[PDB]
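> Make the full structure from the sequences, and use the hints.
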Amino acid sequence: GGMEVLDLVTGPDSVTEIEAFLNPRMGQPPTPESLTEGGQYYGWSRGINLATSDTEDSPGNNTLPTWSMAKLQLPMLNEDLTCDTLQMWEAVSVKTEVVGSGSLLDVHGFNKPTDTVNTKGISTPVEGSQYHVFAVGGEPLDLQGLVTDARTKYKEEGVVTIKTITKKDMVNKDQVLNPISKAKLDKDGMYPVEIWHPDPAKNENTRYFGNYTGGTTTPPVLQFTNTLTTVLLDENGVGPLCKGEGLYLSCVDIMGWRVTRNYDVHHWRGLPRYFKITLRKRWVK
Amino acid sequence: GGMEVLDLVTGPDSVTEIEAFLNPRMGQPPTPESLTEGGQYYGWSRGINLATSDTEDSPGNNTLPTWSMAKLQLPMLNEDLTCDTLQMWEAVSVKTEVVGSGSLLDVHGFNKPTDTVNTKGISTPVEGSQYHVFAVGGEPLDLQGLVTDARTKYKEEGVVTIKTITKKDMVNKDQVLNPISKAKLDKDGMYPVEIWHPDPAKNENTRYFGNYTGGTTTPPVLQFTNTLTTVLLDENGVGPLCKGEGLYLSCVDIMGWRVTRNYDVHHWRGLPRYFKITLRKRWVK
Amino acid sequence: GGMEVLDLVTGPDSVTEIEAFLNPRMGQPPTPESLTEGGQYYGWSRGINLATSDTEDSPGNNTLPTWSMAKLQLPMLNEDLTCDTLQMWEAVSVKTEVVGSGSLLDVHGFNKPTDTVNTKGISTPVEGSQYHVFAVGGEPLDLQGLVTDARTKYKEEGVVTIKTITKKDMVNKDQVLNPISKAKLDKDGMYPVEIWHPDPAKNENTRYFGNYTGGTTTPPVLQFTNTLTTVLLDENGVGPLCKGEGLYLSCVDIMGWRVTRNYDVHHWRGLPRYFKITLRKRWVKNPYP
Amino acid sequence: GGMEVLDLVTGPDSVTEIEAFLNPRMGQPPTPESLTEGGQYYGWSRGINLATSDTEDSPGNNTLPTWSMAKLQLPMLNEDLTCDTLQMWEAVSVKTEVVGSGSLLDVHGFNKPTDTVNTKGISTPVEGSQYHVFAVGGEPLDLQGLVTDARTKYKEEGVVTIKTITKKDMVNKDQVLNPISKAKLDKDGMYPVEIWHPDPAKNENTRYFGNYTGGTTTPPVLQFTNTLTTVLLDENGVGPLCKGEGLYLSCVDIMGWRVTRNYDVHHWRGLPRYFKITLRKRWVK
Amino acid sequence: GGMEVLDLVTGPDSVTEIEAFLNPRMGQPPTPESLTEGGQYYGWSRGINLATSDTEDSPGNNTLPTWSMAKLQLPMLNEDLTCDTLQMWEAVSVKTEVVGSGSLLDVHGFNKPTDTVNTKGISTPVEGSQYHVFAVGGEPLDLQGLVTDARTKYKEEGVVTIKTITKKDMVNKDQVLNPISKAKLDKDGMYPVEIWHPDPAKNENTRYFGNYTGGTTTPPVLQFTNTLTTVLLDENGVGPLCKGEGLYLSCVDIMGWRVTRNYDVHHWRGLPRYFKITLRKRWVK
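From first to last, the protein sequence lines stand for chains D, C, B, E and A.
Here the entry's author numbering is used: the first residue of the first sequence is 32, the next is one more, and so on.
Here the entry's author numbering is used: the first residue of the second sequence is 32, the next is one more, and so on.
Here the entry's author numbering is used: the first residue of the third sequence is 32, the next is one more, and so on.
Here the entry's author numbering is used: the first residue of the fourth sequence is 32, the next is one more, and so on.
Here the entry's author numbering is used: the first residue of the fifth sequence is 32, the next is one more, and so on.
The set of hints was computed from the structure by calculation and includes no laboratory data.
Worth double-checking, as some hints may not be accurate.
[To be verified] Using 27 Å as the maximum straight-line C-alpha spacing, the simulated DSS-like pairs for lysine-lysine come out as follows:
id	chain 1	residue 1	chain 2	residue 2
1	E	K198	E	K233
2	B	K233	B	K316
3	B	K233	A	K233
4	B	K215	A	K213
5	E	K213	D	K126
6	C	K151	D	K184
Spelled out as structure tokens, the structure:
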């Protein structure tokens, strides 16, 4: 009933750890798996297509990176649901890591070469805009929509956009903060990151951390270590609580773009994120 | 009476929380809403127009970003106004966040392309000068005017400039610190940020935090999390006091410019800012 | 002579606050005020003029940014200086802030345009080398001279240079550290910042803080908030003491250059700095000769 | 027996220090030592060769930087191995340092000059992508494979790649996180860094720290001091335990590339890493 | 005798301060002092000369920045050198500062101009690779040689290089870590910084702090204040001890290069460093 937080449960199995990895959702789906039928783009987006005019901007779904998310089940707790004091899982902390930055050291491929005069040098490494966000909570991540252009003609099939939610075309307010344009991160690879952002007005049971670095050729930067613990406890020493006993993990990890030798076609590059959450049982009213 | 700070008020409803979001004021007003008659520019400025000579610099009002501000009412406190000791609202801290940086990942529009020779690559993302300032206080933010050029011919109507205050043309001292050029942020979308700055000689009842990053193509950088709390208490453990029971929120969040395929026309881009302020009652003489 | 520091003075008016702002001194003097007679450059330097050869470098005075300084009078404390124990003003901390970076968001002027093909785009914003230094003390800031070129021909009148002090031309040691080349920041808008630097070997009663970022097109960066306090107390909990009851404020805040549409002429841009010093009375054993 | 941690062992020789330096493995082997037969490339990779098509990417082994590792012996502790309580070495901290950044100040060589128009200026210093990772553990560093391209044709001998482990060709999942693609850093100069990354799902007895900075001409940055100590103890005050009395040191330190005056050929540059580990004896079940 | 550190000596003169400034050694010696005979280059290096081929690299001595060092005498302490317990000087902390960055604001000289198309703008300020290292110890700084190219033909006289020490030509191992190539900083302006680096394997009685930033046109960055104290005490609260009663100061502060209007000739720029060390007497066995 009432979310009055009490003491920490002690005894056998009062604490537990949950591990999971979320692969990136840059555009090309996991299947087909064939390295000649499209599977070679897994972990990347398909070629970014440009608007044909100021009033005709329709990006393909496979060129739009979307949020990655997973809902994990935790061991059951309450036998009698009609008891005055119950138990709920509380996320204490998380060790998270973006894996694979070293693969970006491959500068021997067939990307646009650094020396275009002779088509020599090295295969230009991934560079540009970077976006890193991760969240852990007891409910789906609450999202607030905001886009660059309310006129963008996002596909009506295969993606969740503002129009999907409102059942109406976007309005000029959608380029700033429009309270009506909200959703919840309840599906993996469906909510475009250029549309949906963590909602600071909600997410009372989720902790999210994000950072953005723009630019066209900005050098990608990343740190990775198994010695860093992110505390999920709030100012009152209480972490997110799994009311429905289902843990939500959310993230997006864009490293930039690689660009081809043909018409500078850009492809987004994303990397997988690992999570290791420490949880404990909490007595609640 | 005497502004002497005493003990914190204890009991029911002694602490409260206020939320609000302030949309950016980059130049294009919220109306008309039409996505063809001007509304498509909401959240951005109109094309930046340049001076025609060293003595003719007349920027259009809709090309100048202005301060965003809001005045929020707090619940009443003092019944017997003639009491030796009264109660005042004290802002303890604020969780603030700039929302929407992910929207800058839209590089599929019709902006100046990265490969201008062939009109290929990606739509150049927002880059350049960035400005982020937020303030919370019990009175309007005190402003000190200072411009790049005292000869700039700002419109007389539609914006509040130094001449609006003094009733006289700017003088050369306005290019440095002129104590006469002062104002108060009492209106939303009216005070140009290239003219009005936080006044360090006043703002005794306001806390402001600002940073600037210049340049023409500087990569935009931004962090966002719901776990960061900004303490508003001064060296003496006392936060801003709402003397007139009206809380003031102020901000400006410029991310840079997008530039068109015609004559490199630049359009400022701003993002909305969220505020969650925690206040408590204070006993004052 | 002996500066023995004792207890803090308690009682009415034992603590005080001093405020002041120092305007930049980039090259163009405050007057003439006319916006057509030169006043339009106030806050900036005049066009930077270059050397004509490896042996002919004569920069104009109005193209050289100089140190800003002010000497503020504190309330008198001791009527008789022969007393065994006296009181002295001690600087505890300072809230300082560089005001006006927002004005650099003006990219609609007549500077060199970003689209050089069509003379469009935006008016290039101020960029380049930045220099920020501030000091608070009970004596003029002690300066150590050091220049890029000992052969530079600084004007003899209008600026205080190494020659003004030594009465002789600069030597090659002046390009590195030469103990002989020293001065004190006793005048506002007279000591070039490319010549005079805070002297680490002295300044026993002054705390200075400086930083430099070079380059030609480097993005200017600046933070400003009224919530940051700079502690002036040393490792022993003692801040600068005013032996002559005159508080000294010094600074230079260069944001970079703006460059015109004619031969890429550069003009330095400086911004004013605000100071709010908190002082307290300190009991001291008579240090008067 | 049971991996239960007890008290710290006290007495003579209860604490010790281990020193070691690991030379970089950028591509060119330590031999031949001749400065005219290839030895002049020691410390660097050989010229990076680029793919000939989107389906033909065959990097030479000597152009691929690999992990450096060393297994150091610690003095024996357990006389009677069948005892209820035994002693194990525990890594408390490490003083590590990358040596030689000052050699990058050599800008008088024969690299591509800064003034290519006239073949003048200075010899362009090492610039570009940087990668620094170091680890200390009581078992080999656990690796997770992830590549830029699952179609890359790595040599079958001379290097350990995903195929070496699985005995099958890489699949599209190998471009993201594929649980099957795992290995252990058991050989020096054999595991390419663009393939093998620290596995966050394992390494329970190893502490690793890594960072990456991409780009083509990014300035190399490095700090070095003998005053910085890296703590290896976890949240519970326990460091890595040497289960087999063998201490594992792992690292890779890429400073960027130098590029020649012929066809912009790039050569990776790596620097040696010093390790000084402090260990103490720990009572274990 | 036995270097067992005991209590801190108390009483009059048990603590003292030492000041010293070390001028940079960029290449041009202090004399000739004449500003027309070479003295005008004091504080800078002479024109950097490039290799004529992959096998002929002969840098001029005056084009190579070297380490700055000074040995300062401290007052004597022991009369009866054969007493069981003696006193020794211990370095507690140091206030160090690089002086002169403001001189880099001179952009009115005759360097390569910013506008090379018309020969206008400003005189290009010092930029590029930066290197800052300082040390304080009771013995000369221990050095480890490591070079970019073991084939570099350094002058046999006027500089101390690896061959000066080993009496033999450099080997390929010298491009990585070769334990044989070691030396001690016992002379001012003689050991090139592109060859000699602080040896982490030794320096038991010296604390050194260094940092490097590469690139060709990287903006120089520097901070300076008389309020920063660098602690020299190790983890055990003991600082460097002067075994021979002579304190060693070492440093190098390269700000980058300035380049001329002729053939882009580069000249290194160095600045002087001030040291103010606080020492105290220590009882030793």
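> A separate judgement is required for each hint: does it hold in the structure or not?
Hint check:
1. E/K198 to E/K233: Holds, at roughly 22 Å.
2. B/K233 to B/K316: holds, 22 Å
3. B/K233 to A/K233: violated, 35 Å
4. B/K215 to A/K213: It is violated: about 46 Å lies between the C-alpha atoms, which goes past 27 Å.
5. E/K213 to D/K126: holds, 20 Å
6. C/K151 to D/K184: holds, 20 Å
Going down the numbered hints, you'll see the structure goes against 3, 4, while the others check out.
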